[PDB]
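Coming up is one lone chain in structure tokens, specifically the form deposited in one PDB entry.
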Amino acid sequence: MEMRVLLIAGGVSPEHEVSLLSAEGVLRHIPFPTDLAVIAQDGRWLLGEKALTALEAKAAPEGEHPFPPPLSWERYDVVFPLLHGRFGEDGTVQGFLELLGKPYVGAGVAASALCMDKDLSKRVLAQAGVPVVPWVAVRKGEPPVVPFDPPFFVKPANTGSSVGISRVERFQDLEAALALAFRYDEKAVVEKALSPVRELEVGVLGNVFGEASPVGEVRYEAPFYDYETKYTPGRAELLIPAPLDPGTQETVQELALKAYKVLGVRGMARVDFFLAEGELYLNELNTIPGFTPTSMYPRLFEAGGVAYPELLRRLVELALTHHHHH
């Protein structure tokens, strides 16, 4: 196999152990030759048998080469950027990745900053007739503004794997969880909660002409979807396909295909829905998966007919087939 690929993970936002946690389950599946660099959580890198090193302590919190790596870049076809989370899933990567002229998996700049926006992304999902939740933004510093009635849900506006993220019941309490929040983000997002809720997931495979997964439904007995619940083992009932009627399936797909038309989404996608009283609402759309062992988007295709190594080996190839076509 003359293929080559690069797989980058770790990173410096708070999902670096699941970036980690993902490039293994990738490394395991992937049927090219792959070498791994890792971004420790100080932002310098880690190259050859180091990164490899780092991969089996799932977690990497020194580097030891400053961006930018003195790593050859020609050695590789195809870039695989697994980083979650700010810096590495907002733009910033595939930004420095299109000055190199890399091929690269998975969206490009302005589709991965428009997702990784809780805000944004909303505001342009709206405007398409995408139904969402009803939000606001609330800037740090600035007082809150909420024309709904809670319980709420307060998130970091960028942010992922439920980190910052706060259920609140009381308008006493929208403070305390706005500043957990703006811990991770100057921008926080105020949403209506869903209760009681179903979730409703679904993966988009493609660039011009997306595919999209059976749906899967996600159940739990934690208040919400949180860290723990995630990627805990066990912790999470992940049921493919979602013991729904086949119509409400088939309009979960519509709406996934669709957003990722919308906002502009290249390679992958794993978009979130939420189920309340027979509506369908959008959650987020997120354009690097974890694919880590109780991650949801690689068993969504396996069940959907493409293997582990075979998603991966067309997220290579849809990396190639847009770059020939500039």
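For clarity, a rigid core is taken as the largest C-alpha set superposing within 1.5 Å between two forms. Positions refer to the first chain, counted from 1. First, how it differs from the form deposited in another entry.
- When both forms sit on the same rigid core, the CA shifts between the two forms reach 2 angstroms or more only at 293 out of 293, 48, 264, 66.
- For residue 76, the Cα coordinates differ by under 2 angstroms between the two forms after the core has been superposed.
- A displacement of less than 2 angstroms separates the C-alpha positions of residue 135 between the two forms, with the rigid core held in common.
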Contents of the next structure:
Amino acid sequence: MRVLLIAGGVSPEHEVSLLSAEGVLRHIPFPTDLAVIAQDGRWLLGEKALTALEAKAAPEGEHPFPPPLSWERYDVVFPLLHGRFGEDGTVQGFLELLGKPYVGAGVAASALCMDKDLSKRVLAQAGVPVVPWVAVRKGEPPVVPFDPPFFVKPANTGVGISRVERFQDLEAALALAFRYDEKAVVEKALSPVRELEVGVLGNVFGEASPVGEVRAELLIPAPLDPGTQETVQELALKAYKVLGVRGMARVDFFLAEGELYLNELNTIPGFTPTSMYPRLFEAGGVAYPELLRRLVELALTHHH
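Which structure goes with the form deposited in another entry, now that we have seen the form deposited in one PDB entry?
Only a single chain is listed, so you will not see partners or other molecules.
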């Protein structure tokens, strides 16, 4: 079985995407070719991709989309792209039309988990705790029922984020966010707050890894009481199932005043050997080569 690895991308996470590709290529137990999307959207195949990998940045590519890629020569595609044109369902839709099995969530789950507003609406309706938030659309004035501090983020970008401490500064933060997305979210900023992260693996019905914490060091496992550790994993699996995520997801939480809040589901998390998602499943008995093998196997299982 041969695997195609697509990395880079036009998003600001182009570099960290290439760093994830280097770690995967160094440990995947399959023959794996690399294909790079340069920052200008054009593709690099063959040796120019590896050259772009070693340079850690591909500013300009060769082939405009769609690329002259021998799709039939690969059994599984691993979209290792972060952010826009990576985790938002566009590349997934292309692969769906190519008929190629691919790692990770499908079009609907990728687009939903990328939308900071619509994902919370789904999660809140399912009974999953999330931080109080409001959507603001460009032009329409904002209606914020809570008090500062807020976070003002572009809803679909995954840059333009501001921590607003005075209501006076809200119009400036919305103006900054609106130049990257027509819809913005305003989230109540919790403080003090701890960040917890847990990995899920599987198709719709996943298994949870141990919980980790970001304090920038990675506490693995996170120093959590037995009850809180369980609720984090339970809440992650529920959210994973409600959104219909496939393959994998890193589910980030907030812990404040003893309350858990689902922060974000990442369908293509950072994947260096030292990244949180591989380290969490390593702590759970799933080593990095085995983790990559299972992700490929799950891509084929869904494809029947």
